[PDB]
Amino acid sequence: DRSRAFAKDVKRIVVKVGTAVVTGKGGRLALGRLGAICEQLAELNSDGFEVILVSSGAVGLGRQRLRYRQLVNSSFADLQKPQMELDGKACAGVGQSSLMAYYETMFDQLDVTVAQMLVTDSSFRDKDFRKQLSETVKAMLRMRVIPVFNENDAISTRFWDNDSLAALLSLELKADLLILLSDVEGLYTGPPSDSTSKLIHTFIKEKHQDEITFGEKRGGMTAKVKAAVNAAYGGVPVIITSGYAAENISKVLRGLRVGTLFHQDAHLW
Amino acid sequence: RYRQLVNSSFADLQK
Amino acid sequence: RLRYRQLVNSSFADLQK
Amino acid sequence: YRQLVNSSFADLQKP
Ligand SMILES: Nc1ncnc2c1ncn2[C@@H]1O[C@H](COP(=O)(O)OP(=O)(O)OP(=O)(O)OC(=O)CC[C@@H](N)C(=O)O)[C@@H](O)[C@@H]1O
Ligand SMILES: [Mg+2]
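Quick mapping for you: the protein sequence lines, in order, are chains B, E, A and F.
Under the deposited numbering, the letters of the first sequence match residues 5 to 162, 173 to 231, 236 to 287, in that order.
Going by the deposited numbering, the second sequence opens with residue 71, and the numbers climb by one from there.
Going by the deposited numbering, the third sequence opens with residue 69, and the numbers climb by one from there.
Going by the deposited numbering, the fourth sequence opens with residue 72, and the numbers climb by one from there.
Next comes chain B alone, as it looks inside the complex:
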């Protein structure tokens, strides 16, 4: 169809993986999903694309790691006592290292180099930063590398989510497609549990904005949508699709109808 017609001209891609995709049951890494996504990204990078990956899920992985360590270091007497909460910043600082080590190992198995770029909120207001980041990203992509962006949570003092960061980077680096990998198959007219909700294949701002009732479950579908609209009307089309399927990325890149599209040229389609 005319909707998925820009896919053949796609050259630079920004892919975001949520917490519901990176970390599965028990707070541990979801090895199957992450491996499939990494294999798809390596195939894409070998086929001539510039892939940018914006990861997440460091908080949960670090929280699980610190809970084990706390259990190991504790005392039977204390195990009895309700154990206190763990600091969120400490959990993020622990989990980022493990997540990046896993990413490096998986991409080394496939012979792909990765780079870790950590940017906070205060950095995006400097005049020079928005210029130097573009040059660094371009230099990395020219050399066939996959930058792995995230929000440095250990340092940051705190709307901005990981999805807003993804939209921001899509705008700045002039990407040509933005894919949001989440748990649900895509944006629905209502909560996915209800049987009266159907998968929308095109988000027209003057038709679905008022007819969509968001539920709940860093940000639900009330913030993914905001970031998607922001990125799309800045000029970068947006695709939302489930991260469970491994082959959704390639099917999107082949022009097949997958997920919901945020495109500015949806006024007349």
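Take these hints with a grain of salt, some might be off.
[What the hints assert, rightly or not] Restraint-style ranges between C-beta atoms, simulated for each label pair:
#1 B/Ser207 - E/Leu83: 31 to 39 Å
#2 B/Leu90 - E/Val76: 25 to 33 Å
#3 F/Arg73 - B/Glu43: 52 to 60 Å
#4 B/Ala94 - A/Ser79: 29 to 37 Å
#5 B/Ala263 - F/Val76: 45 to 53 Å
#6 F/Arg73 - B/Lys29: 33 to 41 Å
#7 B/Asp197 - E/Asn77: 36 to 44 Å
#8 A/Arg69 - B/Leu122: 32 to 40 Å
#9 B/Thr203 - E/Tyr72: 52 to 60 Å
#10 B/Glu225 - E/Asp82: 47 to 55 Å
#11 E/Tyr72 - B/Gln120: 42 to 50 Å
No lab work stands behind these hints: they were computed from the structure.
Beta carbons: idealized from backbone N, C-alpha and C, even for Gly.
Given chain B, work out where chains E, A and F with the ligands should sit, using these hints.
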């Protein structure tokens, strides 16, 4: 809870 | 390693025994 | 047993 813990194992204190 | 696994699974009572 | 109830699991690992 005491007897429970005395019976449980470290891994069991997990989850 | 095997020792670690054994501890991780041993019941406090067994550590007693 | 008092030692065993006040020990930390790691401690059990070290003789
Ligand atoms: N109308 C609807 N249609 C479809 N689905 C809907 C709808 N209404 C509700 N839902 C449900 O909405 C949920 C959204 O999922 P969600 O909120 O869990 O988003 P998700 O991507 O998984 O996590 P995140 O990226 O936001 O977390 C981070 O950014 C971490 C940042 C970083 N510092 C780190 O700590 O790593 C879906 O699941 C459910 O269908
Ligand atoms: Mg969110």
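We went through each hint and held it up to the structure:
| no. | hint | in the structure |
| --- | --- | --- |
| 1 | B/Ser207 - E/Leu83: 31 to 39 Å | holds (34 Å) |
| 2 | B/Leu90 - E/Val76: 25 to 33 Å | holds (26 Å) |
| 3 | F/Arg73 - B/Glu43: 52 to 60 Å | holds (54 Å) |
| 4 | B/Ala94 - A/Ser79: 29 to 37 Å | holds (31 Å) |
| 5 | B/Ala263 - F/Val76: 45 to 53 Å | holds (50 Å) |
| 6 | F/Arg73 - B/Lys29: 33 to 41 Å | holds (38 Å) |
| 7 | B/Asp197 - E/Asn77: 36 to 44 Å | holds (37 Å) |
| 8 | A/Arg69 - B/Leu122: 32 to 40 Å | holds (34 Å) |
| 9 | B/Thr203 - E/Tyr72: 52 to 60 Å | holds (53 Å) |
| 10 | B/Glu225 - E/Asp82: 47 to 55 Å | holds (50 Å) |
| 11 | E/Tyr72 - B/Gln120: 42 to 50 Å | holds (47 Å) |
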